[PDB]
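What follows is a short report on a single structure.
All protein chains but one are shown at their positions in the complex.
When the chains are written out, they are named A, B, C, D, E, F and G in that same order, and each has its own residue count from 1.
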Amino acid sequence: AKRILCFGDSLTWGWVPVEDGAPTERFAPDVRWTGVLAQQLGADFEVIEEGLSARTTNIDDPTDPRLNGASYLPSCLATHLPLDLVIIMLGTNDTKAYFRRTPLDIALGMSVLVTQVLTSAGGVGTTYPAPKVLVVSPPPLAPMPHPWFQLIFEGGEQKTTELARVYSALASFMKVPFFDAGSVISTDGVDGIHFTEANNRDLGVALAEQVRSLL
Amino acid sequence: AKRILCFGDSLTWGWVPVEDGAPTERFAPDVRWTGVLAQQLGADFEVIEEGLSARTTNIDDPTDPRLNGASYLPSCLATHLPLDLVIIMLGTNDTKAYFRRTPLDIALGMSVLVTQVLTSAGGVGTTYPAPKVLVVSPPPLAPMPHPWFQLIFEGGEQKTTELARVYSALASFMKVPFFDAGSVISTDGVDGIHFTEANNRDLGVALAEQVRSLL
Amino acid sequence: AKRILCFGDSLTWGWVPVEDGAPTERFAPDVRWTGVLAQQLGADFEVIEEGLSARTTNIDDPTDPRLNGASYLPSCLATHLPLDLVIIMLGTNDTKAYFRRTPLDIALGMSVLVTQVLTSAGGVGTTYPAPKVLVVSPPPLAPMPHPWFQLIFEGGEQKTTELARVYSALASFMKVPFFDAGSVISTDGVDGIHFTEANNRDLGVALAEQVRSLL
Amino acid sequence: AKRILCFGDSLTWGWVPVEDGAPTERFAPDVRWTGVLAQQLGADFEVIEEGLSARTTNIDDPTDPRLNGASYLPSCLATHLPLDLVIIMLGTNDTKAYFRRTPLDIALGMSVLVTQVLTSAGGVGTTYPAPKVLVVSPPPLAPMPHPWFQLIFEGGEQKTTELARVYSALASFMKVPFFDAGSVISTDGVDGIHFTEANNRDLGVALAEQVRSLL
Amino acid sequence: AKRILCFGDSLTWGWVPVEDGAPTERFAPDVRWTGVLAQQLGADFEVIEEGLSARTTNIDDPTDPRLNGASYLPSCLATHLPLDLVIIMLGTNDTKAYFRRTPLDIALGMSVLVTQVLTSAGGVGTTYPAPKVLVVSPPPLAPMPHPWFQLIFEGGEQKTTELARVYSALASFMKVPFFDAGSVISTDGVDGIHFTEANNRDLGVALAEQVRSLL
Amino acid sequence: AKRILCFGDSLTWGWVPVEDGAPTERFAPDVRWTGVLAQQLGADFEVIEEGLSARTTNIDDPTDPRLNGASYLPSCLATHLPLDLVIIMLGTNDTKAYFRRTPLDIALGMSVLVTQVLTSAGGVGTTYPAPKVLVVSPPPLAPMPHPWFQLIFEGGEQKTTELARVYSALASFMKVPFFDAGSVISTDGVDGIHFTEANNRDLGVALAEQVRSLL
Amino acid sequence: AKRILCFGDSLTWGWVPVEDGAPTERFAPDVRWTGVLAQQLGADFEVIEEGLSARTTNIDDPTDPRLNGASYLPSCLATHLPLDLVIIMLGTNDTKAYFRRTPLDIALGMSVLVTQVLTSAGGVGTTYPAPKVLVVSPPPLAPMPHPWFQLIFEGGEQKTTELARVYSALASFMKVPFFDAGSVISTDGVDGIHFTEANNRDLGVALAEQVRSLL
Partner (left out) sequence: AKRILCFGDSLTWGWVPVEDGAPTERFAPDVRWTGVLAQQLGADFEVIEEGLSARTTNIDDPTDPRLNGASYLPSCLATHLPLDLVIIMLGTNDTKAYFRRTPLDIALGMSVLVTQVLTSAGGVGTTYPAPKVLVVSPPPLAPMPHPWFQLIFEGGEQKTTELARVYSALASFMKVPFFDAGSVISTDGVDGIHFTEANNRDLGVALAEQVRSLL
C-alpha cells in the first residue's frame, strides 16, 4: 500500500466540538476525516494518523511542552518509513493571541516542517526515499461562544484567513503541492474552531482526490 | 477496539539484520512482532507502531537529535488517546559504549517513560483515562561480526543481560506489569543486535497473551 | 482535618501597607486573612500558608529569582500532601509594568498553576489524591502615593480590573471553582496595593464560606 | 512564638516505611518527628514542616524536577519570615548511586543551603533578621530488602556513615550549629531507609532540646 | 582610611571626548573626577576606580561581553572588602537605542546593583560589613556631532532626562542615598556624551561633599 | 600574492536570479563578481570566496542554522591566514521581515564582524597580522515578482536604502574603509534581489579599484 | 572542473613544525599537501582549502570557540557548492588529554561530519547534488620534545594509532570511501605532531590517486 502520514493538530486528531469548550472526546475512526480519507482511498493506500490537539508548526506553547510540531516531526518520519506522502495541516494554533505570530511567521514554521519532510530520506539506517509532502491550509476560524476560546484566539480568525495565501506562496517557492482545506469546508463546529461530521467527510473526500493525484 | 501502543526502537520498528551492518529495510507488516501481535489479538484490538531505530530511553544521542524516547513519548501518548495499554521495550541502545550508562541508569530512563504513561490521563483537553503500561526488557545482545557494531556496543551485551533484573525491580517498585522478552527469545539476528523472523513471531505470540491478560 | 493550601503573594503573606513603601512586617497570625480563614473554619480544617511577597504566576522577576509561582508550586504540593484544596490568589504582580503582560498572559500563567494542582495526585511515592483548586482573582489595585510603586505598577490597575473576567473564563473552561476577591473587598491599604485589617477580615470570612461549599 | 522551619526530605515529611518499597502514606501529625518536636516545645514555639520526599541538597534529580533543595529554599525562607531557626536534615538522597556524589560533594550542597539561610535577612521587603541554622546529618542507611531500593542506593550506606563527619567539619568551619541525628537513632524502618515510629519520637525529643538550647 | 568604590562607565573611567568619536585615551589621574574626588577628600579616604567604558546596569551588550555591570559587581565588591561606600553612576549606556529600555527598565537594573551592595556583607570568608551605597544619576546627554553616536543613542537624551526622577524614586523606596550628577554639571564634552575637564572637577568636588556627609 | 577574503551572502556566492524564485545555480566562476574581481586584479592578488546564500550579519535564521555570519567568520579568518584584506558585504538578509531588525541593528551586526577581523591577528598559533577590512553596503533591493520573496522581504527594500548611511557612519567611527555597492550598480536581477551578469561585472570592476587603493 | 573540498586541521592548513612549539607559519601553497594535490590533479580539478589549526571533529575546545569542525562544516558545504568530493582528515586534536575521548568517541564525531556531507544536497536553494566523501585517518602522532605539547597530547599517540581501525569500521558501515594517511606517511615533523615537506608531498600524491579513483 502507498502510505500517507497525516500530521496535524486537533483538526487531524478529530476533536469533537462542545459548547462548554472542553473537555471532549475523539470522533469515531470512520467519522474523523483521516478515517474518511482511508475509506475513500481503499486498500491500495494506508493512512497513518499523527494529529495532536493544540499542536503548532514550530513554536513551543508556554502551557504545554508537547505542542511543537517541528520538535516531533523528524522522529515521527523516521518512525514510519517507508512513507509515500505526508499531509501537513497546521497553523491554526499558531494564531493564538499569546504567540504574537503573523501569517509570515506561521508560513516560516510550516517551511521548517516541509524541509524536514524533504530531507527525511533514509531515516535511521534505511534505504528508503523521502516521501512527498502536501501543505494544507486549515479553514478560517469562526465566532466562538466560549469566553476562554474567544480570549486565546483573539485576532486568530483574521490571521487564519491569510494562511491559504501565505502557504500557497511558500509551496510555490519550495516547489511542493498545496491544498486549501478552506476551499472545500467552513469551520462549522459549535465552538468555532473544530469540525462537524460533515466538515470531516467533505475534507476526507477532497483529500482522497488530492492523494490520488499526487501518487 | 482496545488500543495498544508499542513504543520502541529498531526491534519494534522491525530492522532487518544484515551482514554489512547497514543500511536495511523494515520487516513486512505481518512479520515484525507488532504485526504478529495484531494478527494474534484480532479485531477486538488495534496495535499502534511507534518504533524508532536507535531510540534510547531518555538520553540524547550526540549523532542524531531524533532518538530520546522521553522527549517524544508524552506527545505520542496525547496523539493516540484513547489508549488502553502502552508496551515499552527500550534500553538496548542505552547500552552503547558512548552513553557510559549502567543498567541502573537505563532503568531510571525507563522509569521516566513509565511515569509519562501513568500521568498521561486526559492528554490535551480529553476525558480519557491513562492507559496501562507494560515494561519489557529486551533480550540480551549477542556477538557482533561487524566491527562498527562491535565498537559502538562494546560492553553492551553485559549490560543487556542485567535489564530483566533491574526492570523487574523497577516495575515491582512502581507496581506496574513487567515482561521479559528474553524469557521467550534470544537475539538471533546475524548482526548480534536485531531479530530474526522467528524471534519476531515468538515475541508477538507471547505479548499477545500478555495483552489479553492485562485488559 | 481537611487541609487547605493558600498559595499566593504579599496579599497572602500578609504584607503591612506603609506610607514609605517598604520595608515592612507581617500582619499578626490572627489578623492576616489566612488566619481569619482558619479561625472561621474551625478545627475540622487546617490552613497552610504559602504566600511569598512579589510572587508571579509563572514569570521570572529580573530583580529576584525567588518569585516564579510555577517554579515552586509542584514541589510545594508534594511537600504538603495530603491536601484537600488549594486556593491560588496570584496575578497582581504580573501586572507590573516591566513584565509587559496582558490579562490573557496572566490567565495563561494561572492556567499553568491550576494544571499543576490538577496533575498533582500521588506526589512523590504516595497513595494520596489531587486536591481541588480554587482560582481567586485579586481585587483591583488602587492609587499609589509612593513614586516607586507608581512606576513599577504603571498600567497595573487597569490590568487588575480585567483579572476577574479572564480568570472566570479560564476556570469555566477548565471546569474548576472561581471566586473574585474584588467582589468582597477593595484594596484599601495606604500604599494602594496591600490590605488593611478589615480587608483581611472580610476576605477571610468570604473564603471560609467558599471552602465549606467546596469541601 | 519562636518560629522553627524544618527543611528536609522523606525523613522530615514522614514517609512510612513499607515492605513493598512504595507507595506509602504520611506518619500522623503527632507521630512524625516534626510533630513530636512541636509537642515537646509547646506553645512558645511554632514548627513549620517543609519536608519533600526524594529531595536532595542541591542536585537536580533526572527523574523528577521537584527535588533540588537549593532551588526551593530561598523562596521558602522568604515565604515564612519571620523565622528564628531553620533545621536542615538533607543528604540521604544525594547518596543514591546515580548522583555519583562523594560525601564532600554532599557537604558542599549542604553549604549552599546554609549560606542561603545566613544570607536570608529581610526576605522580600521586610525588616526581619535572618534565622539561625542547625545543620543535621541524617542517620546512616541500613540494608534494604527491596531490590529497587538496593539498586538506587548502591554505595549509599557507606556514604551516609561519613555525613556526620563532613557536616560537622563544614558547620565548624562556617561557625554554625551542628547536630547528628545518628547520635540518637539508627535507621530502623523495614525498608532500610525510613524511620520507625520510635525513630521519629527519639529524634523529636532530641531536637526539642537542641531548639531550646539555640534560642 | 575610609574606602570608596566608584563603580561606573566611561564617565567614571575618564573617557576623553573627541570630535571623531573614537578611539581615545583616559583623562589624567588628577583630572578625571575620581582623582579630583580623592584629592578633595584627602588622606582620611581612599578611592578605588572601577569604571568600564560602555558598561550598562545589568544588560548584556550584543557587541561586547564585558559590559554587564551586575555580572561584575558582586566579584568586584568581594575583591575590595573592606569597603565603606560604593558610588554607582550608571544608566547612560542603557539608553542606547538598541537596548530598547525605558527609564523604569534602567532603574530596575540599578536596583539590582544596589541590592548586590546591600547584601555584600562578609564577601568570601570575611568578618567585614557591607558598605553603604550612593545611587548617582548621570547628567543628561547632549547633541552629538558624530553620526555613529547619533545612531546608537537615538532616543537616549530624552531617557537620560528621566533618570534623576526614577533613581530618586527607587532610592527613596530602598532607603539608600541618592545624588543627581545633573544637578551640578551638564554634559559638555564635544561628543555630547562625555565630560570636559571642568565637568570632572565640578563633579568630583560635589561628590566629596556627598561622601563626607554619608561617612 | 596579496590575499583577499570575500565574505558575504548569495550576492557573493553568485546566486542566479530566476523568475520562479528558487531553486537555482551559481554564476560561472568568471562571471560572478568575485571572479571578475580576481581577473581585474591579476596575478599579484588572490581572491578567496566565502559567500553563503541567506547569510546574515550576526543573527540566527529560525529556518536554517547555517546562516549567522558572526558564528562562522572567526573560524574562517584563522583558516585562511595569511590574509591582507577582508571584504564584507552583508546585511541584505537582515532586512527580511521575520528578523524585525532596524538599520541600526544591522549596522551593529556588521560592527561585530569588523571587530572579528580587526582582532584576528595570529589566528591559531601563527605570527601573521590581522588583515584590513572593507565594509560594503549592498545595493538596495528592488520589486519582487515572486509572492514568497515579497512576503519574506516585506519592508526590506526601505531598510536596504539606509544601509549605505548607517555603514558609512559605523566605518567612520571604527576608522575602517567603506564602499557602497549601490553607488555603482542597482539590483537588476529578475527576482528583485540578486545580480545580473552586468551587475556582477560592474561591481567586480569597482571593487578591484578599491582593493588596489587599500593595498 | 571537479571541485574537491579539503576539510581539516593544522595538517590540512599546513602548520610548519618548529622546535619551540609555537608560533609558526604556513607551508607554501605548492608545498602543503593540498597544493601538491592540486598540482597532481591538474586543471580538470579545483581544490578548496578549509584547514583550521586545532580543529576537532565535533567537540568544543574550552580554550578557543573556533575549533568545533561540525559547527562549521554545514555552512562550509553550502558556501562551496557545487562540490564533487569532500576529503575529511580530522581526529588528531580530539586525542588531546583534556578532551578525555576514546577512539570510539572520535569516530562518532567523524560520523557526524560524514552525515553532514551525505545530507548536504541542494545547500541553500540550489539544484546541486551532495558531494562524495572520503574519510581519512591522520597518521599516528610521534614523541614530542616540547613539554607543553607532551602535556596536552598525553595519551594521544596511543589513541591516534587506533583511528585507522575505527574510521575504517565507520566508513565500511556507512558505505563511504576510506583512506588511511598513515598507510603512506608517518608523522615526521620535529614537534611529533605536524608534517615535514616530504610528508606533505607523499600525502598529496597518494590522495591525487584517490580523488581520480572516486570521480
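Here is the rule we go by: a residue touches a chain if its C-beta (ideal position, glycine included) is under 8 Å from a C-beta of that chain, and two chains touch if they have at least 3 such contacts.
Peer 1: Just to verify: which one of E:79, E:119 or E:172 makes contact with the chain not shown?
Peer 2: That would be E:79, which touches the missing chain.
Peer 1: Hey, which of D:1, D:28 or D:104 is the one touching the hidden chain?
Peer 2: In the complete complex, the chain left out is touched by residue D:104.
Peer 1: Among E:22, E:176 or E:184, which one is in touch with the chain left out?
Peer 2: E:22
Peer 1: Among D:170, D:181 or D:185, single out the residue that touches the unshown chain.
Peer 2: Candidates D:170, D:181 or D:185; residue touching the omitted chain: D:170.
Peer 1: Please identify, in ascending order, the residues of subunit G that touch the omitted chain?
Peer 2: Touching the missing chain: residues 20-23, 62-63, 97-98, 146-152, 154.
Peer 1: Residue by residue, what part of subunit D touches the chain that was omitted?
Peer 2: Interface with the chain not displayed, on the subunit D side: 58, 102, 104-105, 107-108, 111-112, 115, 165-166, 168-170, 172-175.
Peer 1: Given the full complex, what residues of subunit E touch the hidden partner chain?
Peer 2: So the residues of subunit E touching the unseen chain are 10, 13, 15, 22-26, 49-54, 64-67, 71-72, 74-75, 78-82, 122-128.
Here is the rule we go by: only the chains that are shown with their structure count from here on.
Peer 1: Rounded to the nearest whole Å, what is the centre-to-centre distance of subunit B and subunit C, using the mean of the C-alpha atoms as each centre?
Peer 2: About 45 Å separates the centre of subunit B from that of subunit C.
Peer 1: Hey, what residues on subunit B touch two or more of the other chains?
Peer 2: If we look for residues of subunit B contacting two or more partner chains, we find 22-23.
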